[PDB]
Amino acid sequence: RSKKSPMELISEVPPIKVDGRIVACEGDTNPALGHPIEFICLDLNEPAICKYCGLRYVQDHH
Amino acid sequence: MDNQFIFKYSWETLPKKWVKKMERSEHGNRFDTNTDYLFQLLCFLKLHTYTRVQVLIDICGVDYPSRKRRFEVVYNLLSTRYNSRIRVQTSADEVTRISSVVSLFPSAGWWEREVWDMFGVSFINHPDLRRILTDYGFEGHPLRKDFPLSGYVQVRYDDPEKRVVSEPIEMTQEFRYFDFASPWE
Amino acid sequence: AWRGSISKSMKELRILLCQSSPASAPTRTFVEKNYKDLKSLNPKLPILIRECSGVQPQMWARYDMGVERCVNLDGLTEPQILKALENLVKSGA
Amino acid sequence: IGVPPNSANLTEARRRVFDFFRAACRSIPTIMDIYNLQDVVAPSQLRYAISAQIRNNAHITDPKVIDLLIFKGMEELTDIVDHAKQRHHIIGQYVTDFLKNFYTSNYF
Amino acid sequence: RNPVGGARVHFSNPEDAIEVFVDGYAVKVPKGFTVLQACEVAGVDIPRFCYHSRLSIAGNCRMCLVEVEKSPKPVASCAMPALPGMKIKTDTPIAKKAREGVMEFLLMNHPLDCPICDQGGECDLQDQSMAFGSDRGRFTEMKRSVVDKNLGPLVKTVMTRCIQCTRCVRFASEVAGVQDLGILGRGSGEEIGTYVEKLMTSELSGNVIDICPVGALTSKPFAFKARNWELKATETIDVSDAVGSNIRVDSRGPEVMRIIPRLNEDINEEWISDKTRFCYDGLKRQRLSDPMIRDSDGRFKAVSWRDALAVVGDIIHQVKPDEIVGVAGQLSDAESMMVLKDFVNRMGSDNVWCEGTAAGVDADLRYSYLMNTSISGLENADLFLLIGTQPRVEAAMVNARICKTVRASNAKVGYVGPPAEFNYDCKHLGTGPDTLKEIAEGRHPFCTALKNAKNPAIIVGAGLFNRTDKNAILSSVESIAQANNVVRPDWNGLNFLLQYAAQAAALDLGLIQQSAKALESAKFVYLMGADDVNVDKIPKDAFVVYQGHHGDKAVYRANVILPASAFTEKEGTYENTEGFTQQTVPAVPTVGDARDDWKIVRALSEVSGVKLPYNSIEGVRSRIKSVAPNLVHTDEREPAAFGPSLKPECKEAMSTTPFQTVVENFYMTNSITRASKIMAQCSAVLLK
Amino acid sequence: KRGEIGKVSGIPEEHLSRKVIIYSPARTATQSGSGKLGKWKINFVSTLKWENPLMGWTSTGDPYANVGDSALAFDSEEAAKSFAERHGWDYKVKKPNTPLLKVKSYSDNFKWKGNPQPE
Ligand SMILES: CCCCCCCCCCCC(=O)SCCNC(=O)CCNC(=O)[C@H](O)C(C)(C)COP(=O)(O)O
Ligand code: SF4
Ligand code: SF4
Ligand code: FES
Ligand SMILES: [Zn+2]
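Chains as they are written, first to last, in this note's numbering: chain A, 1442 to 1503; chain B, 99 to 283; chain C, 11 to 103; chain D, 1176 to 1283; chain E, 78 to 765; chain F, 95 to 213.
Isolated chain A (complex conformation):
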C-alpha cells in the first residue's frame, strides 16, 4: 500500500511498553544501522515520541 503517508502511518503503530523512568531508542535493532541513540524521559501520561523515529514509548507501570 502507498496511500498512507508516513504522517498517518506512524500513528497506527501502538506505543511501546517499557518499565523505568527512561528508555533508549536506537531505531533499528542494529545500533549502527539506526539513528543516534535517544534517551527519553517518559514521565508524562502521554506517550513520549522519539524525535528521530517517531516511535511512541509509554510507561506500563503506574
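Heads up, some of the hints might be wrong.
To be verified - Cut-off 20 Å, straight-line C-alpha distance, at most; resulting in silico cross-link-like pairs (EDC-like, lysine to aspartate or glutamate):
hint	chain 1	residue 1	chain 2	residue 2
1	E	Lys630	E	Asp367
2	F	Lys175	B	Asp161
3	E	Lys302	E	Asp367
4	F	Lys143	E	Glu648
5	F	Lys130	F	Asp169
6	B	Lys243	F	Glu107
7	B	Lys115	B	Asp130
8	E	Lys150	E	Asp100
9	C	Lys100	C	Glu78
10	D	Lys1275	E	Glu695
11	E	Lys724	E	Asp546
12	D	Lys1247	B	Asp215
13	E	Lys302	F	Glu145
14	F	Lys188	E	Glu648
15	B	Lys243	F	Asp169
16	C	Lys54	E	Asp439
17	F	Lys196	E	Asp93
18	D	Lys1239	B	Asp134
19	E	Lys309	E	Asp358
20	E	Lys724	C	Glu78
21	D	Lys1247	B	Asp134
22	B	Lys106	B	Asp130
23	E	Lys594	E	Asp439
24	D	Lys1247	B	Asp233
25	E	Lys173	E	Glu144
26	F	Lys113	B	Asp134
27	F	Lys130	B	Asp277
28	B	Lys243	F	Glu172
29	F	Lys186	B	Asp244
30	D	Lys1239	B	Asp191
31	E	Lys702	C	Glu78
32	E	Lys728	E	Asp546
33	E	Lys514	E	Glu456
34	D	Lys1247	D	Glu1187
35	F	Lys189	E	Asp343
36	F	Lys196	E	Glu96
37	E	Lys514	E	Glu726
38	E	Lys108	E	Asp93
39	C	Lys46	E	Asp100
40	D	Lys1275	E	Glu683
It is worth saying that the hints were derived from the structure and are not from the lab.
Start from chain A and add chains B, C, D, E and F with the ligands according to the hints.
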C-alpha cells in the same frame, strides 16, 4: 644540497639590494625580491656553479585585493643537479609591467601567457603575449577575486541566426554560498 | 504691522542654522529673540527650525503653489535678517 | 615583437595611441575581405567607429593605464585579423525616461 | 594589540588604571573589569557559557577558568575582579586541561540530537567543543533526560539539551522584568521551568531564543525551517515601532526567514521586541501585487500601471485645487513623504499629515516632539515622571532602559494615566490632567521627591497630542519642567516619546495637519499606507486611492489601488524618537508588480501634468536637504539646539477627561503584524 | 571617481555604475564568540532573485549575487574604500557598532538594599 645550506650560501653570495624579503622554513626557501631585479636574480640563480637552477617548474599568481600591490607572481624553481627547490616571488599591479623570463627558461612563455589571461599582469618583451586559456573575445580576467564565479556572459544557440551566440548570464539556480565560518577560530 | 500679515502671504517658513555656528551665530541670535514674539502674533503659521550641524544658514519660504524663494543669510546682521524676511514676505503678495 | 616596456611621459602615450590607430587602419581591408563583407558596410564608417572608441577614454591621465588600454587594443585587433572571431561579431559590436523605466521594472 | 570585537574601554577615571599581564603582554584596565574583561581588552578570547555581558555575573559552568601565578586553584575569570600586577596564564596546561575536563562533563549528559537541533550550525557547545575540547569521549553509561513542557506559542523548548547555565533565568529576572522562569530541583536532575501551566507573557520575551547558547530554547515559528549557513545576513533597521532597533534580516532566496537583533549600544542594546522579531511572517501573507481598478459592480480587476495611473491623473484634475488631501502612513521612509508633500503642494493643496496623532502637533522647534534625552542617557536619570505614555506597549525597548535604570540605580517612577501593568514598582499618581495640575502645585509627596532628585526625566507620550488641549497640557508639563529644573545645559530632562517609525521624519519634513475639518469634505484622498485612519470620516463620493503593501481595512473602501513595497525591499531613511537618522537595506526582492512609494508618487505627479526637479533617489535626498537637512546625515548624534523658553503662553484651561490609551493590542499595530499568522495566534493566548 | 582601473578591468560597462555599501558585519546574536569581526566587505545589493517556475529553485540574473560574500574580503576599511574607488563604484560606508565595556563586578549581585525606613 641541504635546505639550510642554500639559505646561508645564497643569502651570503647574492647582492644585498636584490632580495627585499627572504624566508626559511620546512615548507620551502623563499626569496621575495623587487619587481625590477627579478630578471637579474633569476639569471644569477640559473648560472651560478653552486646554485644551478636549470628548470623552472611554474609561474604562479596570487590575488590579494587588500594591498597596494594586489597581485603576487610566484616562480617555483628546481635545481636538478643539487636536488633543491627554491621559490622566488614578486609583487605586481593592474597596470605595472614586470620583466619576462622567457629568455632564461623558454618554457615560461605559456605560464606567462596564462598569468596574463587569469590575472591581467603584462610581461615586458614577451613574444606573442595573448590569452591562452579563455575563449576568443573574453572580457575580464577570471582568476581575480572580483570576477564572479559564474561569469558575466552565457552561450547558447539562436535559431534566427544559424550560429552560437552570447547573452548576459541568466542562471536557472543561483550558486548557494554556504557560510560555514564560525567564531572561536 | 507687517509681522501680523505673514500667514496670508506665505506658509511653512523654514530657517536653517548650524550647531557650532561659525557663521550661523547671527541666525541663532535672530531666531532666539525673534520667534516667540513672531508666533505669538502669528498663530497657525509653521515656522520650522532645522539645525543639521554642518549646514549653511539658508532661509526658505513656500507660497501657495509651492514655489520656493530661499534667501541666503550667511553674512548678514539681525536687522538685515529682518529686512530679508521683509522682502521675502512682500514678494509673496 | 615583444611587449613595449612602458611609457614614462604622456607624449609617448600619445605616440603609441597614434601608432595603434594607424595599424588598425592598415589592417582594415583584410578584415573587410576575410569576413566576406563588401557592400553591407563601407570601410569609411569603421574609421569613425574606431576614432569614437579611442576618444571614449579621453579622461585617462595615468600613462600606464593608457599603455594597458592600447595593449588590449592590439590584442582585440589581432584577434579580429585572424579568422577566429565569430561571424559578424564585429559589425554587431562596432556599429520622460523616468516613466519609461517605471513602466518596465522597479530596478530601472 | 587591539581589543577583540572592537570593544571600547571607557576610562571614567584616568588616574585609576591597574596594569595586568594577561599572557606577558601588559595592558591597562580601570577598577573592576574582572579577569575575563581584562583578557578581552588585550585581544584574548576566552570560552564562556554562563557569562553574558548584559546580565549579572554567575560562576557556574566553570568554563572560563584561567591560571593566575599567585593562585593555587584555577580561578573563574568571568567573576574574579582584576587586581594590579597579576600574571594571568591562558595557554597553560592547567588552564587547558581545566577546559577539556569541564567540557567533558558538559557533553557527558548532552543528547545526541545534533542533526535535529534547530541550533546545529551556530551552537556554542559544539563550536567550542571543536576548538577547546578533547575528541575522544569517555562516557559510556546511560544519560539522563528531561521532559519538554510547553511555554509560549513562539518559544519551542527541548530541555533535554539544556546545560544549566541559568542565563535564561537571569535574563527573565533582570532584563525582561517578569519573573516566570526559574531553576527547580537539586543536584543532577535539576530542571528549569515555570512549575505551572503559565507561558512567558512579556513584550521582550522572545530574546530568550538568542541568549540561550545551546539549542534548548529555540523559536517555534522558525522550527526546522532552515539552517544558519543557508541564510544571507542583511543589516537593516526596524519600522514596527519608533525605537528603530537595529536588526539583522536573514533571507534564503526571495523570502525572509528570521530576524535577529543587532548590537547597538545607543538604541536597543542587543535586544528586540517580539513584535519586531516575528513580523517577518506578514511580508509573505496577503499583499497587493498588481494595480487594481474598482468596477461598476464593485469588482476588483487588475490593470497595467499605465492604465491605473492614467485613471488617477484624469480624476485628480476634476477636483478643486483644495480637497486633495493626502495622508502618509506609519511605514513610509522620509523620501516618500517628501515626494508626497511636494506632489500635493504643487497641486495647490496643503492637506498633508502623518497617520496617527498628527492633528495639530506643532512640529515646530524639534524638541517638542523628540526624545531630547538620549535613550542611553536614561540610565543617568534618578526619577521618571511617565505622563500618559505607558511605554511598555508603544516603545518596548524604552521600557527596557527604564527597568534597567530602576533596578540598577534604584530610581523612582511616577506614572500618570490609565491603569496598566509594569515590570517595575511604579507609583500611580493619577489618571488625568487634574493630577498634572496637582503636580504643578505640590499636593503629594511626589512633588518633594521630584524636587529633591537631581537629573530627573519627564517622559510624555504621543497619545497626549491627540487631545484637544494639546497646548494646555504641553504648557502644564513645561511649567512643571521649569519649576523643578529638569532641563539644564549639561542635562536635558524633558523628552517626548513617539509611537510610529514614520512620525519623527514626518514632523521633520514639516507635513502637519492644519485643519480638523480635513478628510471630511475633501474628495481626493491619497491614502499612502494609512491603514488605520478611520474610513468612516471620508465621504462616500471621494475616489480614495490606496498606496500600500498590505491591505486590511482601507482596501475594502478603496478605489484604484497601487501596490507598494515593504521596508525589507527599499532603501529610504527612517528617524528615531531621539532624532537619530538611519537607513534600510533591500534584503529581498519586491513581490509582484510593485514599485517604491516615492517612485509611484513621482510617476503619478508626472502623469498629472506637473513636473518635479528630481527623478532619482539621489535627487530626492538633495531636495530633503532644503526642508529637513538632518535627515541626510546618518551617523550624527546631533543634540537639541534650543531650550523650551521659546514657546508662547497657553492660558486656556486644560480639561476634565482622563488620559486614554492609544494602542490596545500590542501584537497588532501595523498592517505587517495585523496580517501575520504567528502574531495573530500570539495575540490570542498571550494577551493577558 | 578615477575609474581607470574600472575601465581596464574589462567587465561590462553597465556594471561600473552600481551603488555598493561598505560595512563590517557585526557579531551574530546566537553566538558569543568574536572570531568573525574586524573584516570589511563590499555589499552589492543583489536584490532581484525570482523563483524558477519548474522546481522552485531560486534563479538570478545578477552577476554579483554572491561575490561580496563568498570572496572579496578586505582587512580594513581603507582598503575596501580604495578598491571601490578604483573600480568606480558609488560606495557608501556604514560604520560598525562596537560594544562598550563597562565595570561589572560579581559583588553587585549582593547589595545592602538600603535600610528598612518607613514609606
Ligand atoms: C576593427 C577594429 C579593431 C580594433 C578595435 C579596437 C576598438 C577600441 C580601440 C581601443 C580603445 C582604447 O581605449 S585604446 C587607446 C586609448 N588611448 C587614449 O584614450 C588616449 C587618451 N586621449 C588623449 O590622449 C587625447 O585626448 C587624444 C584623444 C588622443 C587626442 O586629443 P588631443 O590631441 O587634443 O589632446
Ligand atoms: S544544542 Fe548544540 S550540541 Fe546540543 S544537540 Fe543542539 S547543536 Fe548539538
Ligand atoms: S534554557 Fe538555555 S539559557 Fe536557560 S539554563 Fe538552559 S541553556 Fe541556559
Ligand atoms: S563563563 Fe565564567 S564561569 Fe561560566
Ligand atoms: Zn528512535
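Hints versus structure:
| no. | hint | verdict |
| --- | --- | --- |
| 1 | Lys630(E) - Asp367(E) | 18 Å, holds |
| 2 | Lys175(F) - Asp161(B) | 18 Å, holds |
| 3 | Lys302(E) - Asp367(E) | 29 Å, violated |
| 4 | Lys143(F) - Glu648(E) | 17 Å, holds |
| 5 | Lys130(F) - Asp169(F) | 12 Å, holds |
| 6 | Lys243(B) - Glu107(F) | 18 Å, holds |
| 7 | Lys115(B) - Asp130(B) | 12 Å, holds |
| 8 | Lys150(E) - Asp100(E) | 18 Å, holds |
| 9 | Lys100(C) - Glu78(C) | 14 Å, holds |
| 10 | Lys1275(D) - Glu695(E) | 19 Å, holds |
| 11 | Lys724(E) - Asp546(E) | 15 Å, holds |
| 12 | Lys1247(D) - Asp215(B) | 12 Å, holds |
| 13 | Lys302(E) - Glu145(F) | 18 Å, holds |
| 14 | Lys188(F) - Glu648(E) | 14 Å, holds |
| 15 | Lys243(B) - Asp169(F) | 14 Å, holds |
| 16 | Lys54(C) - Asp439(E) | 9 Å, holds |
| 17 | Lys196(F) - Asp93(E) | 14 Å, holds |
| 18 | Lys1239(D) - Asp134(B) | 16 Å, holds |
| 19 | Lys309(E) - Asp358(E) | 17 Å, holds |
| 20 | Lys724(E) - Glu78(C) | 27 Å, violated |
| 21 | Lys1247(D) - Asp134(B) | 23 Å, violated |
| 22 | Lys106(B) - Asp130(B) | 16 Å, holds |
| 23 | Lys594(E) - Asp439(E) | 17 Å, holds |
| 24 | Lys1247(D) - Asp233(B) | 15 Å, holds |
| 25 | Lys173(E) - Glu144(E) | 9 Å, holds |
| 26 | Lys113(F) - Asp134(B) | 38 Å, violated |
| 27 | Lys130(F) - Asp277(B) | 11 Å, holds |
| 28 | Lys243(B) - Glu172(F) | 18 Å, holds |
| 29 | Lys186(F) - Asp244(B) | 18 Å, holds |
| 30 | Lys1239(D) - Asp191(B) | 11 Å, holds |
| 31 | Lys702(E) - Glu78(C) | 14 Å, holds |
| 32 | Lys728(E) - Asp546(E) | 11 Å, holds |
| 33 | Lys514(E) - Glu456(E) | 28 Å, violated |
| 34 | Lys1247(D) - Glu1187(D) | 17 Å, holds |
| 35 | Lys189(F) - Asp343(E) | 14 Å, holds |
| 36 | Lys196(F) - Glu96(E) | 17 Å, holds |
| 37 | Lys514(E) - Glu726(E) | 16 Å, holds |
| 38 | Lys108(E) - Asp93(E) | 7 Å, holds |
| 39 | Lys46(C) - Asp100(E) | 64 Å, violated |
| 40 | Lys1275(D) - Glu683(E) | 12 Å, holds |
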